[PDB]
Amino acid sequence: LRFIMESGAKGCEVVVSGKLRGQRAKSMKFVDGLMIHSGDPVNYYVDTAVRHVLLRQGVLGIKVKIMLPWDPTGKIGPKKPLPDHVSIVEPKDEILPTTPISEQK
Amino acid sequence: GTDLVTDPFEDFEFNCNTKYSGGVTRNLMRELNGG
Amino acid sequence: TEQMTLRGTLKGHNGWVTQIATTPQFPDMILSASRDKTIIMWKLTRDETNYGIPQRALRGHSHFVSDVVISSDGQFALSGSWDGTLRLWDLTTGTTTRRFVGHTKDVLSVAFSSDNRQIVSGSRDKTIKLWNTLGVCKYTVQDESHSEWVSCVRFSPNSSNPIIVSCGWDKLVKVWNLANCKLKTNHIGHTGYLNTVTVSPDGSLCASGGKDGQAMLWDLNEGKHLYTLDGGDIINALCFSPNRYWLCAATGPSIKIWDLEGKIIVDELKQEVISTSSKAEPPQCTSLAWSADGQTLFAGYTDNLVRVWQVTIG
Amino acid sequence: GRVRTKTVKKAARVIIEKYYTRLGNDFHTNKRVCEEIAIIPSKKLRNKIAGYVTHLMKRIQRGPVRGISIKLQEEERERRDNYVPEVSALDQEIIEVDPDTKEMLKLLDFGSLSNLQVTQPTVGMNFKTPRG
Amino acid sequence: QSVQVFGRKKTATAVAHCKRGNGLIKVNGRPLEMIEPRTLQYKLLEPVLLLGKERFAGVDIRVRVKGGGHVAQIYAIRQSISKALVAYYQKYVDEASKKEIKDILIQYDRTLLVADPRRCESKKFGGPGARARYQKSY
RNA sequence: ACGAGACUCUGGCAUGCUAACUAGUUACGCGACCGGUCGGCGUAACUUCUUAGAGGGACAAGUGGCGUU
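Residue numbers (the numbering used here), protein chains in the order written: chain R, 1 to 105; chain B, 1001 to 1035; chain U, 2001 to 2314; chain C, 3001 to 3132; chain P, 4001 to 4138.
Where hints are given, some of them may not hold.
Unchecked claim - Capping the alpha-carbon separation at 27 Å, the derived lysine-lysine pairs in DSS-like fashion look like this: (1) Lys-3058/C <-> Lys-3071/C; (2) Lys-4102/P <-> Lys-2043/U; (3) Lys-2037/U <-> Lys-3048/C; (4) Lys-19/R <-> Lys-1019/B; (5) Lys-4043/P <-> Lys-4010/P; (6) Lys-3043/C <-> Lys-2037/U.
Because the hints were derived from the structure by calculation, they are not lab data.
Generate the whole structure from the sequences, applying the supplied hints.
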């Protein structure tokens, strides 16, 4: 999880399910950061993988989800931003005193 | 095959209410201050 | 300083005018902006009964147009919609002939050279070139380009040496002449956005205007600080005095003229429709102006009605 | 239900408090400006924001609204809060004073005051509301 | 150039080539009230009783009328004639007369310019159709 | 911070655009007489029916009423 987040991810989640010692099967889930679950943006913003680890007592499933950071160009993450995020361009700066006196060379 | 290992911490969190509550509590206490 | 009155009313229209323009070579037609995939003609009769006529629904534009402009001649009208396309309305076949969609970036408007030498378009990859009909790569702007989006370019409003001005909704307007074509300084501090502004036929004046109102003067030679006059809000229509150098705008239904000598109004009388409800907003209007001599005036409200005024100019 | 989600509300408030002068009362022009000066990744969301911006400017045209702090209203309020009358409201030529505060002022060594006029005390001790 | 949208509705279409010609009174090329299905045959007789015989001496509307469905093919001829009059009057004299006859025709009936948007909707899970569900036992 | 919403697909609308020898036009037309276009073939209209893409379009936007207005 720490490596995922220093790699730049917007959030991550690792769930480990199976025999965590004992007869019964436990499932732990460590989610750090932010991640969506619903809608279309999960297809291009959340990348997930499921693996099976064969131990001497049984099979342990590891499910890892990483929510990619928004990135225009470069293809490290997704191009289009989250559809609910509205970005505002800052209007041009205006710092003028009472009397317009400009600095010229 | 092999078997995954357990920290005393997760052992206590899993067996805090079980037959092994006393043992996991003792091992966790030994971890935290056992010098 | 004139005398005007709304001597009557007309009915029938769906597109309302945004920018006034014509060409002295072939002024036998007059255009008007529209949204319903159209650009609408007017006609001239100059009598008491007739003050405006609907002739044809010129359907065929891919969108609605930012500003209206004609070539030097009236044989090609160059309409630039708010996406980049170009449409040339021509009367040779009675309808549009050439439609250009070839700009990879969303151009705001278009222009025609007075001598048909340089073609200038507003590209949004911050690269602006200068085309020609002869096939010679004239010039391009490569480094220290605009930091925002260019909208349109203008030239000399009469028969004279064509001088380039690049005006944009991005509050950055630049003026150059083909003899020198040099830039002195680049500074910020603009307080409003300029719809359009024309240059003097002798290359000495280029007006300004902003919401703050500090409409400051430009000069062709340099960017020296001469004066900052007063003004109102963002301009959405502009007509210059054909005989002198004045300024005009309209902050809604009311009109406001500023004369660079007197700066005062003589007698402004207005007619507005009334209604019983007080919480009901009345219909609005945008602005007004004379076409070429000042004998008829046009306006329309947001209530889907059209009105026309008769003025006595003197 | 046409209740606007807080996304469009916040976006509209930021747009209008940053670009108050460009917007107006027309939905088409507000929509176009919202296209220009913001990145809205959906056309439906852009239209919703533009509609709520039009509604908010209709609200503002008849007075100030609490969530939006546009510059013209702030300047107006600052100019109004700096107002001072021609003469002070404490510049009373004659000040009505009861005998009790007159006695207090006499004990406070202010008995030479001439701006004060003594008013006769109330004849009854009725000042409490009846219980019930 | 050439401005031609003809008439269409629902599914059917009356391609209305508008030009100068004989322009006799015909529907599917056939007489006034003579159509074989015989159901909605009056809809065209109405306007031509107002203007006169001179007005249709030069309006040839050559129609390719294809499409099954009464409410489609009928109610598309009214749309087609409305557009024919609109285009003829707009191009020839002025849009004020087009304004007038379009006013009478369209304020006469709303449903020319507007078609029914209703269409068969998708079938879903665990049911014989869109909304119905299979019988649930206990 | 998740979920809801946004979002994706899907319909419903373009006398606007992009243009199609595979389905849809043709009067410098033959397969017709006592001035009404006639199906293996006849297809220099940038297309309306069809196909599908770039966009447009709807926002409680306008008006009236109720509501802390």
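Hinted pair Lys-3058/C and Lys-3071/C, Cα distance within 27 Å: Satisfied, since the Cα-Cα distance of roughly 17 Å is no more than 27 Å.
Regarding the pair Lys-4043/P and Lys-4010/P, is the alpha-carbon distance no greater than 27 Å? Holds, because 18 Å separates the two Cα atoms, which is no more than 27 Å.
Does the structure keep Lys-2037/U and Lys-3048/C at a Cα separation of 27 Å or less? Since the Cα atoms of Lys-2037/U and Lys-3048/C sit roughly 24 Å apart, the hinted pair holds (cutoff 27 Å).
Does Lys-2037/U lie within 27 Å of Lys-3043/C when you go C-alpha to C-alpha? 20 Å, holds
If you draw a straight line from the CA of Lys-19/R to the CA of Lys-1019/B, is it 27 Å or shorter? 17 Å, holds
Restraint status (C-alpha distance of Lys-4102/P to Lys-2043/U at most 27 Å): OK: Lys-4102/P and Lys-2043/U at ~23 Å, within 27 Å.
Of the numbered hints stated above, none is contradicted by the structure.
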